[PDB]
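Read through the structure below, which is laid out as structure tokens, and then see the notes.
What you see is the complex with one protein chain gone and the rest in place.
Residue numbering begins at 1 within each chain, and the chains themselves are lettered A, B and C in the order written.
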Amino acid sequence: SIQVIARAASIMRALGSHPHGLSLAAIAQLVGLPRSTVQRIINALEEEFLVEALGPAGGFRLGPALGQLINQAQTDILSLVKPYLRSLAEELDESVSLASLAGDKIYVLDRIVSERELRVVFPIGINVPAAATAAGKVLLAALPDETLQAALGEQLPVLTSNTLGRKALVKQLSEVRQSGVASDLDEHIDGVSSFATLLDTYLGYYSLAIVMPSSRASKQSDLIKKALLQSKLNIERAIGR
Amino acid sequence: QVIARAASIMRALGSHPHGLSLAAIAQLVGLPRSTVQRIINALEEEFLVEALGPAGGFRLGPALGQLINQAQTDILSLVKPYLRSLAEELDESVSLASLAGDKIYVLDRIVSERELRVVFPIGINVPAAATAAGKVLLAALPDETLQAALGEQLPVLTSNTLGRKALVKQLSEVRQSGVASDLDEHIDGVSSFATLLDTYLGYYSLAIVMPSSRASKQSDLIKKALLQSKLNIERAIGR
Amino acid sequence: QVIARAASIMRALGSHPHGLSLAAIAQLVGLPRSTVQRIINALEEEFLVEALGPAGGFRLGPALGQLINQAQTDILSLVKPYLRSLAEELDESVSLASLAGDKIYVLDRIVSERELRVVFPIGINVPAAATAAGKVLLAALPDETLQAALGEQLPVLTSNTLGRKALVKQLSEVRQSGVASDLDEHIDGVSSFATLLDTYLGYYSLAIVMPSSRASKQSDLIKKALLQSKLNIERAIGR
Partner (left out) sequence: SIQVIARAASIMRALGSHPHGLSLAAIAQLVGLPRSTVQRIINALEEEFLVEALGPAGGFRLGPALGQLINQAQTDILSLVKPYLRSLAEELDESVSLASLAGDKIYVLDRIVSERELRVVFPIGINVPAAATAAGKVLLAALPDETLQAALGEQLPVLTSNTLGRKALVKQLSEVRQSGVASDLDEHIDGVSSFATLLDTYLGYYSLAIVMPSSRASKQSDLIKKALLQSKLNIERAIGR
């Protein structure tokens, strides 16, 4: 095809994996290219505000233009998904969250809270180790096996007495990776269990999750996972790739 | 330098989330349908773009998400506190938003403890032309692009919602005064005061949303607290 | 007919929750310290009264609760729906309150869905002289008792909070117009419209609490919906 656009893209990819910044060196190493031609391409991107330089520190990181490319698109997928959330939420009378992956942590883009007396409540915009959530697992699975080992940077945090370890985690990732859905049982907050499925949108990967008290979970896991799959099918039908 | 052609194309696609015909792309950017086709193909190979079927339409692609996500989820995570702070200094609701065409999008928000309060949900839309936040963002728009959001004739939400004329005129004012406001232009009884955030990742709006009742009195202190917060936030996250 | 003496004593005690000296009780009611002592003793035998130690003070007792509780918890349970209904007809917050001296007490409340909303918690106090609810209740007060709540000189919550004079004058008006209102007399920017509920268990206040912003326009329809609700509720729970 065209090799230089692909070089550029590989560089962007590299920068998006390291939000704090990269040295021209480190960029050059990650991508399979010489510090020189890299410098060239960076410059090209910088001319377009797709990248910025963190001072004479010779560091680089993503730039302004990015926002304006993505914003509308994103604000639309969300706006389109919102209803599909409420629906699900009211079919199951359980809280549901829509999240995206940001390295080792997922990020909650949206959420509907259950009316129930025994309820699970969290705020939009919250972080939480991907390794401990159903959503996090569902996203981690879809990760290219090369990239995966980035999020699984050596050893995992442990949030409860059930939080998986790298081994059982990967092993299970293999399972979700073709079973379609994932779950967590008191692996994040003791007494809470979640059930998530992947959303493959044209804009990237999202996680659709049900978050509920384990108390009530043990009984209806069956119906939960199903409603999730139905919602995945719908949503993707309307917004997939 | 073909990189710049590509970039111009991406820019074009981000302005039209529903999709563009190879033709329309070719026209918007100053390039021939052919070389454009070429570049599209190049991007498509990278999932930076997708084709809406034999419809010959194109729109943004998967890779995008994975580029932006972390960065974004960080700016937000970093700004969140700066919101609470402001919120508690003024005891008024505050929202952080971004522009999506003619509508702003609320990324985050803190609601006032107060008895007479203004309450809205995260993830809400609202015509940019009617909000302080929307004005602050619209101002920063390149004057070429501006006329996109200001497509033809504005909606009118109240008996005060500005019209294209007074709107642009005022945009010129905010565009160097630094901040913007709206007085019962969105919801009657509500007034807002916003300022621009120029982050390395793009433009955001930091806004105070409050009952006009309480606004008429303290506009002065509001605008100031906003500017102080802009200075802080940008000091820590600017470009 | 000694039953009436007793009752007068209870009445006296309910007006002074902190307690009364046998003396003060004797003076308030038109009876001699002696026969009063007698009756107190009789009531005390029934736990309708208690003695605040050798301090010779007296105040209400345990049995009271068990007499009232069920009845009360029923009126409330019966009124709750009538609240929601009203709330959704007007899309404005509504409160059900009772009088406790100079302050009203919010027994229940439904909060408006709206963006510009008024929010308060159940169980809150607020000077009766400043609320529509408070006025509606104060009106129904026997003119003798009234001068108890209107002890000397009123608090002033805003730059509109009435003064004893205009207050009484207006009480005369509500006292046969049926309903009362307050315009930024409690919290600036908030206005309320209340009506009396004459239940078999006592007097309640049914009120709409809303932003003045939105009030100036629809006072008319508010007062009407209130009256309709009063008529219904009383039809089902009046005396």
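Note that a contact is a pair of C-beta atoms (placed from the backbone, for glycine too) under 8 Å apart; a residue touches a chain by one contact, two chains touch by 3 or more.
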Note to self: Given the contact rule set out at the top, which of the displayed chains would the hidden chain touch in the full complex?
What the structure shows: A, C
Note to self: Using the touch definition from the top, which of A:27, A:102, A:120 or A:176 touches the missing chain?
What the structure shows: A:120
Note to self: One chain is left out of this view; which of C:33, C:59 or C:114 touches it in the full complex?
What the structure shows: C:59
Notebook entry, point to check: Touching the missing chain, which residues of chain C?
Noted result: 1-4, 6-7, 10-11, 13-15, 17, 38-39, 41-43, 45-46, 48, 50, 59-74, 76-77, 80, 98-101, 103, 105, 107-108, 122-123, 125, 199-203, 239
Note to self: Residue by residue, what part of chain A touches the chain that was omitted?
What the structure shows: 116-122, 189-192, 213-216
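The working rule: only the chains that are shown with their structure count from here on.
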Note to self: Just the number, please: Cα centre separation of chain A and chain B in whole Å.
What the structure shows: 23
Margin query: Using mean CA coordinates as chain centres, what's the gap between chain B and chain C in Å?
Written below: 50
Checklist line | chain C, residues touching no fewer than two other chains | finding: none
